[PDB]
Amino acid sequence: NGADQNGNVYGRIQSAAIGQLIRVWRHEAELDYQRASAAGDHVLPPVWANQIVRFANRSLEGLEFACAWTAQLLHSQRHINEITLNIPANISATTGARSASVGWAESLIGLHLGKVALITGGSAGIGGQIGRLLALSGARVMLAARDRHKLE
Amino acid sequence: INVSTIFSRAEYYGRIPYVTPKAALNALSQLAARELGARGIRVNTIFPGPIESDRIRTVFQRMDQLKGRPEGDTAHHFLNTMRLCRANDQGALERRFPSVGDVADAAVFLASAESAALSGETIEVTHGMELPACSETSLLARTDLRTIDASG
Amino acid sequence: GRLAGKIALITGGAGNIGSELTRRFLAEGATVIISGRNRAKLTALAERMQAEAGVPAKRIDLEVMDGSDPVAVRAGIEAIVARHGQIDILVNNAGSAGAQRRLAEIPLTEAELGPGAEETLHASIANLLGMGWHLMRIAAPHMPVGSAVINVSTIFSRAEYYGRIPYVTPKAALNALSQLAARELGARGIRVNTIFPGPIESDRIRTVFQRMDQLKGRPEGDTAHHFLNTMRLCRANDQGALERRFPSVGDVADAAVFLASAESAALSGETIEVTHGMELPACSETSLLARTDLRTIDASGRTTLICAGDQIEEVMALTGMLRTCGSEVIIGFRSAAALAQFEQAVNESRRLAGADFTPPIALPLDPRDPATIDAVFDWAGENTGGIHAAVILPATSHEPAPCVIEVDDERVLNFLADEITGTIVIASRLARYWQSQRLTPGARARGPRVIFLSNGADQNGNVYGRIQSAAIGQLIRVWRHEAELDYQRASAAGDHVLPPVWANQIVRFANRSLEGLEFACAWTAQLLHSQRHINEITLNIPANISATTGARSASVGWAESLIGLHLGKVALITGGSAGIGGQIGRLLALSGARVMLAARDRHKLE
Numbered sequence: 459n460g461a462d463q464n465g466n467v468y469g470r471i472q473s474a475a476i477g478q479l480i481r482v483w484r485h486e487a488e489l490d491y492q493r494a495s496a497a498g499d500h501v502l503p504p505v506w507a508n509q510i511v512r513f514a515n516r517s518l519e520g521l522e523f524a525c526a527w528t529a530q531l532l533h534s535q536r537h538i539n540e541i542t543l544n545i546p547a548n549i550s551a552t553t554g555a556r557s558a559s560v561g562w563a564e565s566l567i568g569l570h571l572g573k574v575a576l577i578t579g580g581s582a583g584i585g586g587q588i589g590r591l592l593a594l595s596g597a598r599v600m601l602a603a604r605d606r607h608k609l610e
Numbered sequence: 154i155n156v157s158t159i160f161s162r163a164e165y166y167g168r169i170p171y172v173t174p175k176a177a178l179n180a181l182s183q184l185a186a187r188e189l190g191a192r193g194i195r196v197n198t199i200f201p202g203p204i205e206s207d208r209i210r211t212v213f214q215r216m217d218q219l220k221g222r223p224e225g226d227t228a229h230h231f232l233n234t235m236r237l238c239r240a241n242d243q244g245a246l247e248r249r250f251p252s253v254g255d256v257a258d259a260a261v262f263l264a265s266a267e268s269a270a271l272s273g274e275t276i277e278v279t280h281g282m283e284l285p286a287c288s289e290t291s292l293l294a295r296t297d298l299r300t301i302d303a304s305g
Numbered sequence: 005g006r007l008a009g010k011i012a013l014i015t016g017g018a019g020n021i022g023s024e025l026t027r028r029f030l031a032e033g034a035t036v037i038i039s040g041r042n043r044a045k046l047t048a049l050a051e052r053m054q055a056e057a058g059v060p061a062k063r064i065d066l067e068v069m070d071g072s073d074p075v076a077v078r079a080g081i082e083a084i085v086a087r088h089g090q091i092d093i094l095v096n097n098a099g100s101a102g103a104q105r106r107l108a109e110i111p112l113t114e115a116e117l118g119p120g121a122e123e124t125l126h127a128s129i130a131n132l133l134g135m136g137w138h139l140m141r142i143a144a145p146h147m148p149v150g151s152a153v154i155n156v157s158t159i160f161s162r163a164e165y166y167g168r169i170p171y172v173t174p175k176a177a178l179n180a181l182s183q184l185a186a187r188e189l190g191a192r193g194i195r196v197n198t199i200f201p202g203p204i205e206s207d208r209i210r211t212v213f214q215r216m217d218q219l220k221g222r223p224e225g226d227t228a229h230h231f232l233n234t235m236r237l238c239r240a241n242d243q244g245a246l247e248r249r250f251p252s253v254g255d256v257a258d259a260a261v262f263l264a265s266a267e268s269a270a271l272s273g274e275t276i277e278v279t280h281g282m283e284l285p286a287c288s289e290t291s292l293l294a295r296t297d298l299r300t301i302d303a304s305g306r307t308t309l310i311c312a313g314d315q316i317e318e319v320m321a322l323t324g325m326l327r328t329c330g331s332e333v334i335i336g337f338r339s340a341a342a343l344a345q346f347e348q349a350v351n352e353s354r355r356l357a358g359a360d361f362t363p364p365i366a367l368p369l370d371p372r373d374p375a376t377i378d379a380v381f382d383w384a385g386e387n388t389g390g391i392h393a394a395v396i397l398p399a400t401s402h403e404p405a406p407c408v409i410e411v412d413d414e415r416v417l418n419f420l421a422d423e424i425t426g427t428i429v430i431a432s433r434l435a436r437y438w439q440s441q442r443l444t445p446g447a448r449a450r451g452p453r454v455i456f457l458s459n460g461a462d463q464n465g466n467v468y469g470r471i472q473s474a475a476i477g478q479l480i481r482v483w484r485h486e487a488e489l490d491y492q493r494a495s496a497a498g499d500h501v502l503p504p505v506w507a508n509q510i511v512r513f514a515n516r517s518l519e520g521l522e523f524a525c526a527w528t529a530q531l532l533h534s535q536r537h538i539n540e541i542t543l544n545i546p547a548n549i550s551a552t553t554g555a556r557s558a559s560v561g562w563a564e565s566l567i568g569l570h571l572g573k574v575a576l577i578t579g580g581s582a583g584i585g586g587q588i589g590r591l592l593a594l595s596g597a598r599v600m601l602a603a604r605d606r607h608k609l610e
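Residue numbers (the deposited numbering), protein chains in the order written: chain A, 459 to 610; chain B, 154 to 305; chain C, 5 to 610.
Some clues are possibly wrong.
Stretch by stretch, here's where chain B covers chain C in the computed footprint (C-beta under 8 Å, at least three residues) [claimed, not checked]:
1. 169–182
2. 255–263
3. 270–282
Using C-beta positions, here's what the derived DEER-type ranges look like [to be verified]:
4. B:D302 with C:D412: 35 to 45 Å
5. C:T300 with A:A496: 42 to 52 Å
6. C:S339 with B:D302: 50 to 60 Å
7. B:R208 with A:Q492: 25 to 35 Å
8. C:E247 with B:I204: 31 to 41 Å
9. B:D302 with A:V505: 14 to 24 Å
10. C:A240 with B:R208: 41 to 51 Å
11. A:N548 with C:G389: 49 to 59 Å
12. C:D378 with B:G193: 49 to 59 Å
13. C:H402 with B:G193: 53 to 63 Å
Calculated directly from the structure, the hints in this document are not laboratory data. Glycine included, C-beta positions come from ideal geometry on N, C-alpha and C.
Okay, chain A solo, but in the shape it has when bound:
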């Protein structure tokens, strides 16, 4: 039930049913894989299944976060012992950033944390770009130029 902002009871009943199904299915696949390993047959590892809940979201960015975690659980090596994973009603748990995301800088932040930088003529152009981009890297920037409005 990606459906949100209304509250659902059929959603809860579906969540309980699917969670029980996932639990019993994981147990089935696990013991089946041990049976196969005892038989020595090269068989696929146990089926790993999980559930992602969304109704418990009041915000807009819940769908993208849920899709990102869906891809994360699908593609990576990550395992989660619990079957049901709810989404917090307000995404104020890891900074904010909307789409965080990764694009246009993640290789950049933290490279110059702890430094102090004074740049001259940073009103616009290359000076503004270097000041801003180094500021995102974690240093403290001291923008000096003539026109006050462009600086602010």
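Let chain A serve as the given structure and place chains B and C on it in line with the hints.
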């Protein structure tokens, strides 16, 4: 008063059509209690464990063969899940299956006016079955999608 | 009668609900031994019971007893078992109203007892948590097979029950004690059960709700109206109208008769709530599934206070991970001996690391002595500019007795005095300090952040950790409500005060991994110095760190500013057997590109 089964929250093998609808029934019981509170009808749920019967013995043997395990391991495990001992016919304390009379006494408790202040609660006639009530978490951190490769 | 022929003793029967329980139990043929601190009240209850219900004197006994003293309770239990031989029903109902004051105004000593206060924090904890513990401990050796323990807890042990921490925290601790005592007594064949009555219709609850009304700065009846809204059921009144009101003592008495009788044999460790359908969050718990992003955290100008016990390793780790972010640290110990071992460890570390290793600033913080706390606060205010953040660890890291029922008295008194009372004292002092401060207009200052890092001890597991965790979690919930409403009142007054206190707890005793301590320290730093809010109270750690890839220490060093730079590319390097070719191929491989290592030698290339 609805009689559900405790194995709706345990590792209960080979029996999805038996376990899933009962968990859905528990959720329906909670929601129906909420809705019928307004109209003034009390709703109560009971969780009887493995009750003394021939059918449960056949069920345990079936689980034993389907797991590929010697007979009695299912009984030993679910009896280890208990906490309580009751005096047997000879007065000795042992771990044994709860009887139908206990479930009947609890049910007549819930039905009668003596249980007026109870609504949507759950009582377990289980001799102390210790099972995980639920397995739930929340996703409080954003996804790291840079290192994910999904080729092929 | 269902209870005929059995020996039933009820603690705190001199009160309202206790009298109802005594009357109902005697109506069922049970022999009732009423206990209490006042001989006159028990005598009056016995005589009124005999006069009204016609009970023969042979079936009522008086045991004038101090429940908070284990030695006196032991003597009384020996006397009662000498006079009767066996006890069948143990009704744990006694308790006090507790100090109805805020954390910033809670009484610590007898000299601080103001108007409206009947006892101190220590007295409340002794009269609510420890007394039942001792009662079980010395009753069970004399409880025959088939006996029953019924303890009447309160549903307000899982709600925002304002202004009454000494009344709510020991009750949650008592609930945890009830579960674990039921688990252990299952081996001895004694059932243990718990009742959660909601608000109980009486003058006591009315006065309590009124006091909450003034202390909240709210109109009369707001608390009663809210708690009436929290329930589901409506019952027919004396006029037949279907209305919501508090459940009566008779319903709780009927539940107790059901549980005490053999009809409830199959019930062990369960909970029945006579609440007309109370709607409260059963628990607030999550798990940490992703590793910390510590790169963006800057802790300049902040001060962190570590209130720790005898564990040196975790203090070292916390100090290191805190100096990673550049925050200043102040450290206090509950015992001077552990401070001496800390000094010896610091001496060894300074010898090994040379002169550039700065020794941590060490001070004493004994919870029993407010003077040490005040002195450390003044020292921090004068040398570092005030305390901004606090982490609190348990009183001891040593493992308590593996059981809860065979432990001796001195150990129980130690755990009661330090892990429960001391934590509340430290929290009260911290709240007072942080609420005394004022802000200069136009400045955005951050609210205090408090982190209780509980039994980090792993690989063994223990029940005292669970009890402490429940107590601290309820303390955190009620303290958050306290600080929230305090900030609302302060803002209504136009005063620039510090933002509301944000407290959280970190549990570790479920983990089995070696890297658990580093992960917990990293999450402590992240929760302590970032801008983030986690609305949950307790945050457990996964038992095996297989939640986010692996990587051990992930960490950040030597790679992260380069990973993913050239994703999706294909690169062929020539002559990459060793040297600059090997380095460039390796680092590009970490960059997210696909590498074909080409050179002459097979062995070096492989």
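* With a C-beta cutoff of 8 Å, work out whether three or more residues of the region 270–282 of chain C approach chain B closely enough for the coverage to hold. => holds (count 11)
* Asked: Could one say that the CB atoms of B:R208 and A:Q492 fall in the range 25 to 35 Å?
  -> The hint (25 to 35 Å, Cβ to Cβ) holds, given that B:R208 and A:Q492 are roughly 28 Å apart.
* Confirm or reject the claim that A:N548 and C:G389 have a C-beta distance inside 49 to 59 Å. => 33 Å, violated
* Asked: In this structure, is the beta-carbon distance linking C:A240 and B:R208 contained in 41 to 51 Å?
  -> 42 Å, holds
* Asked: Taking the beta carbons of C:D378 and B:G193, is their distance inside 49 to 59 Å?
  -> 58 Å, holds
* To do: Mind checking the hinted window 50 to 60 Å against the Cβ distance between C:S339 and B:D302?
  => Cβ of C:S339 to Cβ of B:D302: about 53 Å, so the range 50 to 60 Å holds.
* Asked: In this structure, is the beta-carbon distance linking B:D302 and C:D412 contained in 35 to 45 Å?
  -> Check failed, 59 Å falls outside 35 to 45 Å.
* When you take the CB atoms of C:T300 and A:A496, is the distance between them in 42 to 52 Å? -> Given a distance of about 49 Å, which is inside 42 to 52 Å, the answer is holds.
* Taking the beta carbons of C:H402 and B:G193, is their distance inside 53 to 63 Å? -> 56 Å, holds
* To do: Look at the Cβ atoms of B:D302 and A:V505 and judge whether their distance stays inside 14 to 24 Å.
  => 22 Å, holds
* Taking a Cβ-to-Cβ distance below 8 Å as contact, does the region 255–263 of chain C have at least three residues touching chain B? -> Satisfied; 3 residues make the cut.
* Coverage assertion for the region 169–182 of chain C with respect to chain B, Cβ distance below 8 Å, three residues required -> violated (count 0)
Hints 1, 4 and 11, counting from the list given before, are not met by this structure.
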